[PDB]
Amino acid sequence: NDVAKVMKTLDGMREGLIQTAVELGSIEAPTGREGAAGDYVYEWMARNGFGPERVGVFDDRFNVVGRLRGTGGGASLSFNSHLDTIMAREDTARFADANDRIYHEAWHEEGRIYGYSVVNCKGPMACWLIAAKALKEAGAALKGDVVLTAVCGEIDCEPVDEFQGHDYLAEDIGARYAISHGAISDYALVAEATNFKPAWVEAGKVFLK
Amino acid sequence: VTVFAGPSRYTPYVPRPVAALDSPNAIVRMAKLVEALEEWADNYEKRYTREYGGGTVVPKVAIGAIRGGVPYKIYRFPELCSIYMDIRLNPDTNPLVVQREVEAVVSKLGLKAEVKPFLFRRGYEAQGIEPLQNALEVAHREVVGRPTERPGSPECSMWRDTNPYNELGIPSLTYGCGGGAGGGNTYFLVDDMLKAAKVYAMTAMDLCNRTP
Ligand SMILES: O=C(O)c1cc([N+](=O)[O-])ccc1O
Ligand SMILES: [Mn+2]
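Respectively, the protein sequence lines represent chains A and B. Per the working numbering, the very first residue in the first sequence carries number 291; after that it's consecutive. Per the working numbering, the very first residue in the second sequence carries number 232; after that it's consecutive.
Source of the hints: derived by calculation from the structure; they are not laboratory data. Certain hints may be false.
To be verified - With the C-beta cut set under 10 Å, the calculated list includes, among others, these residues of chain A facing chain B:
#, residue
1, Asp329
2, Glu333
3, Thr382
4, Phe385
5, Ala386
6, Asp387
7, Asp451
8, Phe453
9, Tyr458
10, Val491
11, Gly494
12, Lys495
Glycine included, each C-beta is placed from N, C-alpha and C at the ideal position.
All chains should be built: construct the whole structure from the sequences, respecting the hints.
Here you go:
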């Protein structure tokens with residue numbers, strides 16, 4: 291089997307997985323200021339030879355798209371997670387304790403990794419960044435491409451009234467922008483937290499004033 | 232008045248159904264606090280009405296602003312929500328007394344809240360006003376024709392700059408033409424403005440010729 295080789299490769303990458311998640315979760319990146327986090331993921335993909343591109347509407351809010359190229363003749367698979375996080379230190383209007391710790395930082399304690407920034411979503415993103423690294427470095431045989439798509443603006447912030455433009459946009463400049471501008475593939479796995487339970491329906495939304 | 236609730240939840244996880252006062256959404260709880268506060272206000276103005284020589288003070292209460300949280304991030308309801316109250320005082324009411332009354336309204340609902348004052352100014356009745364009162368009275372009867380009447384309560388129960396003067400020992404009253412803008416009147420008669428200017432001048436000619 292050529293699979294087992296990768297599994298044992300992944301058993302040895304426990305530490306890089308932890309480090310990547312913690313370094314990534316530690317980065318200040320609430321929706322609207324995901325640039326710095328994007329930069330880390332770009333430079334991470336570059337070092338590991340995934341040939342990344344910045345695909346975005348603004349030079350400081352962008353998606354990062356790189357690939358693990360195939361031998362030829364297979365189906366493409368995307369892995370997708372988002373760079374933005376929920377809490378900004380700004381938000382004293384939504385949280386009783388805007389400056390807690392679980393809201394903004396990320397650390398390795400016991401056998402856990404703590405931080406909202408990790409659960410959502412730096413996180414599942416670390417998981418497949420490592421998975422991609424294992425496949426490449428284990429020299430696994432793949433006919434089809436693996437597309438690595440790290441996006442901005444997934445979280446449901448939206449502009450309204452006098453709050454317009456760059457600082458308040460989210461989903462319009464996130465994944466759908468990336469996909470519409472190259473990040474296409476045959477199939478896509480979005481890596482977010484379920485409890486190891488697959489879901490392939492999702493809801494829409496209407497916002498009313 | 233900031234009402235606390237929580238824990239924050241992403242909309243697909245919000246617990247329903249839940250009793251209003253138990254809602255994790257601070258906006259929901261506040262809505263319940265608002266009707267309790269409006270009835271408290273209905274009784275406040277009557278309980279603290281007080282008659283002075285300079286007028287009857289009818290101290291009213293209004294909720295002037297609300298907010299929580301921010302409009303451009305609504306996918307999680309707020310753990311807190313604030314209200315901003317204008318509560319008028321008669322000259323003889325201590326602000327802390329009023330604060331405890333409001334703390335009590337909240338307490339009756341079982342809500343956790345912060346009642347924090349961010350403005351306090353004292354109201355005053357003038358002491359030793361008779362010389363100005365009289366000088367004006369004389370002028371008023373000459374120009375307007377009858378004795379002066381007792382002022383309307385809203386014009387006694389507001390903030391006007393008679394307070395700083397009185398606070399600092401300069402006996403002071405207020406007097407002009409027309410209905411108050413808080414009313415809201417939107418115009419003056421030119422004839423009445425002329426009358427006032429005459430009264431002002433006459434008042435000055437009397438009063439400024441007394442030896443202090
Ligand atoms: O003198 C007034 O009528 C008056 C009204 C307002 N207001 O209606 O907001 C404010 C200050 C005033 O002096
Ligand atoms: Mn997410």
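Hints, one by one, checked against the model:
no. : hint   : verdict
1   : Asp329 : violated (24 Å)
2   : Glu333 : violated (29 Å)
3   : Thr382 : holds (8 Å)
4   : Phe385 : holds (6 Å)
5   : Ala386 : holds (5 Å)
6   : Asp387 : holds (9 Å)
7   : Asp451 : holds (6 Å)
8   : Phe453 : holds (4 Å)
9   : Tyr458 : holds (5 Å)
10  : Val491 : violated (12 Å)
11  : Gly494 : violated (12 Å)
12  : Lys495 : holds (8 Å)
Against the hints set out earlier in the document, violations occur for numbers 1, 2, 10 and 11.
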